[PDB]
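Take the sequences, apply the hints, and build the full model.
Letter by letter, the chains look like this.
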Amino acid sequence: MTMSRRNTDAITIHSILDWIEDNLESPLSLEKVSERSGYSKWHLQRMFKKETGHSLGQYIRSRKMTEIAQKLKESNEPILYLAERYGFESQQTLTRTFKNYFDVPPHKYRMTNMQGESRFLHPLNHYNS
Amino acid sequence: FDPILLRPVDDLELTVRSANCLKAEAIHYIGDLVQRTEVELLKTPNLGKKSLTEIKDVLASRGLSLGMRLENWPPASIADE
DNA sequence: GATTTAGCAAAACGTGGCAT
DNA sequence: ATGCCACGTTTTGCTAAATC
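The listed protein sequences correspond, in order, to chains A and D.
Per PDB author numbering, the first sequence runs over residues 1 to 129.
Per PDB author numbering, the second sequence runs over residues 249 to 329.
If you're looking for bench data, these hints aren't it; they were derived computationally from the structure.
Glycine included, C-beta positions come from ideal geometry on N, C-alpha and C.
Errors might be hidden in some of the hints.
Stated by the list, open to error - Listing some non-contacts, in silico: residues in chain D with all C-beta distances to chain A over 12 Å:
no., residue
1, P251
2, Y277
3, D280
4, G296
5, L312
6, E319
7, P323
Stated by the list, open to error - Taking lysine-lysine pairs in the DSBU-like style, the calculated list, with each CA pair at most 35 Å apart, reads:
no., chain 1, residue 1, chain 2, residue 2
8, A, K71, D, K304
9, A, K50, A, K73
10, D, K304, A, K99
11, A, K49, D, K271
12, A, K41, D, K304
Said to hold, decoys possible - Ranges between beta-carbon positions, derived for each pair:
no., chain 1, residue 1, chain 2, residue 2, range
13, A, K49, D, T292, 19 to 25 Å
14, D, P251, A, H126, 30 to 36 Å
15, A, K49, D, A324, 50 to 56 Å
16, D, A308, A, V33, 24 to 30 Å
17, A, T93, D, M316, 46 to 52 Å
18, D, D305, A, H122, 23 to 29 Å
Below you can see the structure in the form of structure tokens.
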């Protein structure tokens with residue numbers, strides 16, 4: 001009591017966002033992986049959702065999507081490489097996820113100059129993003 | 249003394265999952281970290297092994313040993329977030 | 001050749017509640 | 001407060017295909 005800064009239910013989750021961000025560049029790091037960094041999937045999901053506002057598994061995909069998108073525009077790293085690097089089983093898989101998220105094919109997104117920061121979830125996950 | 253050694257772990261400018269997780273283990277000063285056993289700290293159900301690289305970097309680049317007892321590290325004003 | 005796509009199935013997940 | 005099932009959902013996985 002007598003703090004007016006952070007919440008007890010918040011501090012227990014205020015060590016998951018950073019964990020994911022520093023573990024999504026290569027590994028999958030979903031609820032099951034974050035289980036060793038918090039609690040059981042079904043419990044962590046509930047706690048994460050009631051803190052950040054978004055779902056864990058949802059957040060993982062959302063952040064990875066925008067991260068790859070940036071590397072498709074700023075960098076010229078091959079789609080197949082980015083896929084395998086980010087934990088995707090195949091380029092086809094990444095193409096599916098990207099298309100069902102940004103609605104634009106990964107290869108086209110790389111050439112689309114009109115496309116910018118749209119549907120780009122940031123490593124905050126607390127205020128709409 | 250070292251300018252960053254007397255700084256909060258949350259404001260050491262490291263990676264993502266490192267500085268923020270360290271201040272969640274009652275560590276708000278690097279002085280505690282240098283006297284902390286990595287074998288236990290990195291085993292905490294949250295701390296990542298990828299953070300060890302940055303943590304060890306701070307100690308190594310400062311000439312600090314694992315669990316090196318400091319004569320004086322906590323000043324007058326020492327609070328948490 | 002490269003990219004994108006066809007479906008199918010599963011896995012987890014989305015949550016609610018439940019249990020301790 | 002911690003653990004769990006179920007229902008459902010998304011994704012996933014999988015073989016291929018199609019387009020560029």
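Here is what the structure says about each hint:
Interface exclusion of D/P251 from chain A stands, the closest Cβ pair being 24 Å apart, more than 12 Å. Here D/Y277 stays apart from chain A, with its beta-carbon at least about 18 Å from theirs, past the 12 Å limit. Listed as a non-interface residue, D/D280 keeps its Cβ farther than 12 Å from every Cβ of chain A; the least gap is roughly 17 Å. With a cut of 12 Å on Cβ distances, D/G296 falls inside the contact zone with chain A, its closest approach being about 6 Å.
Distance check for D/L312 against chain A: the nearest CB is about 23 Å away, which clears 12 Å, and the non-interface claim stands. For D/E319, the condition that its CB be more than 12 Å from all CB atoms of chain A holds, with the nearest at approximately 31 Å. A cut-off of 12 Å between C-beta atoms confirms that D/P323 is not in contact with chain A; the least separation is 21 Å. Note on A/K71 and D/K304: the hinted pairing holds, with a Cα-Cα distance of about 30 Å set against a maximum of 35 Å.
With a CA separation close to 34 Å, the supplied pair A/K50 and A/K73 stays within the 35 Å bound. Taking the CA atoms of D/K304 and A/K99, the gap is near 41 Å; set against the 35 Å cutoff, the hint is violated. With a CA separation close to 22 Å, the supplied pair A/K49 and D/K271 stays within the 35 Å bound. Of the pairs offered as hints, the one joining A/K41 and D/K304 holds, with about 31 Å between alpha carbons and a cut-off of 35 Å not exceeded.
With their beta carbons about 23 Å apart, A/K49 and D/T292 fall inside the hinted range of 19 to 25 Å. Against the hinted window of 30 to 36 Å, the Cβ-Cβ separation of D/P251 and A/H126 comes to about 31 Å, which satisfies the hint. Between A/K49 and D/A324 the beta carbons are some 41 Å apart, a value that contradicts the proposed interval 50 to 56 Å. In this structure, D/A308 and A/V33 meet the distance hint of 24 to 30 Å, their C-beta atoms being roughly 29 Å apart.
The hint said 46 to 52 Å for the Cβ distance between A/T93 and D/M316, and at roughly 48 Å that hint holds. Under the hint 23 to 29 Å, the C-beta atoms of D/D305 and A/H122, about 27 Å apart, fit the expected range.
In this structure, the earlier hints numbered 4, 10, 15 are contradicted, and the remaining ones agree with it.
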